[PDB]
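One chain comes next, on its own, written out as structure tokens in the form deposited without its partner chain.
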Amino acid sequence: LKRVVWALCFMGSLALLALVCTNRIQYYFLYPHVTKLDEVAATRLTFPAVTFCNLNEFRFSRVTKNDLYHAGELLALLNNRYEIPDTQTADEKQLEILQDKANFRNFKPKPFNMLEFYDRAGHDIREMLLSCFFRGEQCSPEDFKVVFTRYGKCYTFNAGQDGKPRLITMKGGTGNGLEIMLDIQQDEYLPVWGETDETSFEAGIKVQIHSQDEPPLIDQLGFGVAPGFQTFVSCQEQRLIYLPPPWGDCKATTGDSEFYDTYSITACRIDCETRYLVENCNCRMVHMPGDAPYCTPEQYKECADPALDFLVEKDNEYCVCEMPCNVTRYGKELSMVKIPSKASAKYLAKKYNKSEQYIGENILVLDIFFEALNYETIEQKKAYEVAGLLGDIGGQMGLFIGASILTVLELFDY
């Protein structure tokens, strides 16, 4: 009667548990994750490496007649007939110089490679660095490590290598970071008579902030700083931590992955780009690792440059990379004031044995620091551990029917 009518209710009671229990278990097998994000004022924070490059690759005073012979076409300074292009943007003073050293009348070519050319003609930290300070302590060119990029001879502050103990940061604000004044030396910029991957229309420098154990890809990923300004770059360290499979696609950062000791997206790109160029050009560019022969200027112009341009512009499949388990990003906010003021122009001009106008066109101050909330963690966390599933489906089992595994397994037998 009424006892067996709510036995039908039990079927209904049974009916509910099925839908609910099958829910929490399907949910488990989506392997869901959530995010733990903490922006905080840190302490003992490690200062990143700072790489920079003049936008002018070679120094006009350092370009020799042999340099001009081998690489003059690459720099659009000579046509294919080894002579000054008649379509040159003439300068009565400059043109006199170049066509003097474009005179190969008594000249027989001498051995040449791009790395030495870059290393020699590349702008020098010792004459660009007019002032360096980190946290009240002054830096010297000794504090900048030479690194070659697609820009040429570039420099890294706080590279952290050389067993030199990496620098730390405590508070927010300019005084707890780096400040450097630079002369980009527009008077040493090579004439631009045409468009190549080595010449530029812009004056200034390129900068990139990265981990000490992440190589720079400053050509693609860096930011610019204009001369005649003081630029403030306020940063924030963002540590991103991901979950390995089955919760997410994630590569171990101690990656068993070639040219570098650490796996990072940037290193992964450089790896593939090198393989690609070696494979397709029998040639490596000056900034690439390995042991292939460096490209000759002709190889640069005919093979190396478009090979890399293809990879960084058109390629959609050859050199794509996985995500590491740990990524460090640096948020940044830039800001400018003018340099020099009228009040201070004559001072700097005098101080550096330079024209007042020169100071206006070449001088540049760069501040790199962190805000008060200087550190941020973005860690993915598992949302449904197995134990919590059992506690749920268990706590669900007991509700509608009050069963147990013994109750089932024993009654499933006996």
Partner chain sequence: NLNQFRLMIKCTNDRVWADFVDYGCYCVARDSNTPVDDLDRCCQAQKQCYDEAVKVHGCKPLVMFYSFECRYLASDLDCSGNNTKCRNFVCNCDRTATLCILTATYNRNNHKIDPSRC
Given for the second form:
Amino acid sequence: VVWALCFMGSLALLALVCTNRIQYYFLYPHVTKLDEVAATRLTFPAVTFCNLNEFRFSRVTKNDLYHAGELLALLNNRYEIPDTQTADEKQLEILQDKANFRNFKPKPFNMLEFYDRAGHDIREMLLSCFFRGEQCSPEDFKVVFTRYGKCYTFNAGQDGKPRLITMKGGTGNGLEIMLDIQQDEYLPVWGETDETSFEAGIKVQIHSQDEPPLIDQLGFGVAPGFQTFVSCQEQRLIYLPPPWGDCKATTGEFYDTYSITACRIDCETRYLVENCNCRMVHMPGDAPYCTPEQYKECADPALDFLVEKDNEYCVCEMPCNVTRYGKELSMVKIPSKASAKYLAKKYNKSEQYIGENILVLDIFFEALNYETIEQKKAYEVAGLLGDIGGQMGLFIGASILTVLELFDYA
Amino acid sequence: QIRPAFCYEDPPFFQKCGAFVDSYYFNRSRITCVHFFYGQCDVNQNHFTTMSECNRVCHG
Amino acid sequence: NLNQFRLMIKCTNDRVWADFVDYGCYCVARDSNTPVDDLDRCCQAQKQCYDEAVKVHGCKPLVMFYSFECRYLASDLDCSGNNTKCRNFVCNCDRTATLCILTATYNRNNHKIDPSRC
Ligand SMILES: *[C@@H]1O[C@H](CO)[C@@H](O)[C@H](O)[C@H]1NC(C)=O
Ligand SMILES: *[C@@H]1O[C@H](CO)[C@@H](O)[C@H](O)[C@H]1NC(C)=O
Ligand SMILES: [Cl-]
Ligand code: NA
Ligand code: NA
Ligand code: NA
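Taking the form deposited without its partner chain as the starting point, write out the structure of the form solved in complex with its partner chain.
What follows is the whole complex; the chain from before opens it.
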């Protein structure tokens, strides 16, 4: 009677609730969950570094200068030492002679070979290196080419070598390197080009072994004449794939694991090949290497445009797994007055040289604890059913029993 | 006017209004279509269920 | 360089790049004395434009990079984002030529002709 009126009107209201709950499930919502995870160990990251100077002056040959002199602003477009040169006496004489191309026959030239040969050598830069009380050596650093040229990665975990671990907070449980940045080997700067800079020091990037460096964009700097402390905190961010989220798991274009940096390097490579018909020497793939003329006229400008101005060519999908390292940096001076002669004598340099070229870098963790920030599925099937059955009880009084009754009755 | 005006609009990257699904949009810098995850925010028409359709309607 | 020209063409035209390569006397960026039709006349003005870029501004139009923006309207193709005289000038050369291509009619019989004609 009126009961049936009230029963179906109540059931209509139950229906609109169940439609709400069901449509909501199909949004595949997610929430973000924060957690501090205590740990007995941490995998030490990879540490990439580059000298800010790309080519050693004493390694540039007559042939190098012929091909790459204009790119490096050592020569004008007439293949001569520019009158706008700003050099000292002795370097000029060396370069003037080196630039004498009268009756010179150019030989084949390649930028990758030039970088590999003229780039700073870890064997000369690395004055000392310790990790967790164990002595390390140039063999512990893997060569990696970047826009800076010939760079070096500690703890790369490539070529079948395992990744290192830390187990306590503090300086004793990390890396300490002493470096000579070798300013007497810096190329004279006579102009402004993408290959030279006004600065002395190194650029460094701390990153997961699963991601390549993008050190020109994402690194931090470290200055000569200081010991620099870098206290780190690991942070792991986890995202959900579709339909919940939009993270990308893998990729099968130049690298194994997917990461933002892998995506950017893929894009940059594609962009140079598309617009210049060549790749810079640090990029992966098969295309021919840009000549120095191509670097100057097409490759440097195109990469600069893409990296600074373009807003559409490359838009990278978020990765499912991101490891970030929060960093707190601080410095003290090296050398003290009291230690300068010791260092000068030990490395056969003057005291002034030591002051302008030596640096120490310490990279360690504040604590083993890492923070995790994770997207979790917010309303799965279980939550959907138990919700619907909980609303059935609210509206009608229906039970799991009530249903199997009227389902057997009909 | 060779391709529809909506081809030049940015798709709604990272915006979630429901399930994320494979989709394709016209990239006006590459001048070709590119995969992305569409989250049902129908802000414009620059999104296609297939690469070929996107390249048909927008590539030119 | 011709990669950016090729892209400007794709930006405004479905006509595959191959059809402009070795068309008539001048296409693309080749030299001659007399253009076979109006399409070939576009390339002539382009070649003349590059020649001007080299001799007056010191550009290397066949090597240098420039940037441009593809817009809804062909005529809205934009060169103003370039940061040097050379990049602006050459971008403009290619823009003029791509638009001119739109006015001209695509013959198929002066594409890859015998050197006899040119
Ligand atoms: C991805 O995240 C899972 C946990 O969600 C973790 O076990 C795995 O190590 C991560 N992958 C990488 C490459 O770090
Ligand atoms: C150190 O001084 C100069 C550095 O080049 C060199 O001539 C000399 O042989 C070196 N001596 C020693 C003992 O290393
Ligand atoms: Cl980029
Ligand atoms: Na809700
Ligand atoms: Na520079
Ligand atoms: Na463009």
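Numbering follows the first chain given and starts at 1. So that the term is clear: the rigid core is the largest set of C-alpha atoms that superpose within 1.5 Å between two forms.
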{"query": "Sole member of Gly224, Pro109, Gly248, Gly331 with a C-alpha shift of at least 2 Å between the two forms (core-superposed)", "finding": "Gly248"}
{"query": "Shift of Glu39 between the two forms at or above 2 Å (CA, core fit)", "finding": "yes"}
{"query": "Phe29 C-alpha relocation of at least 2 Å between the two forms, rigid core basis", "finding": "yes"}
{"query": "Large Cα move at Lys351 between the two forms, threshold 2 Å, rigid core", "finding": "no"}
{"query": "Between the two forms, how far the Cα of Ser61 shifts once the core is aligned, in Å", "finding": "0.0"}
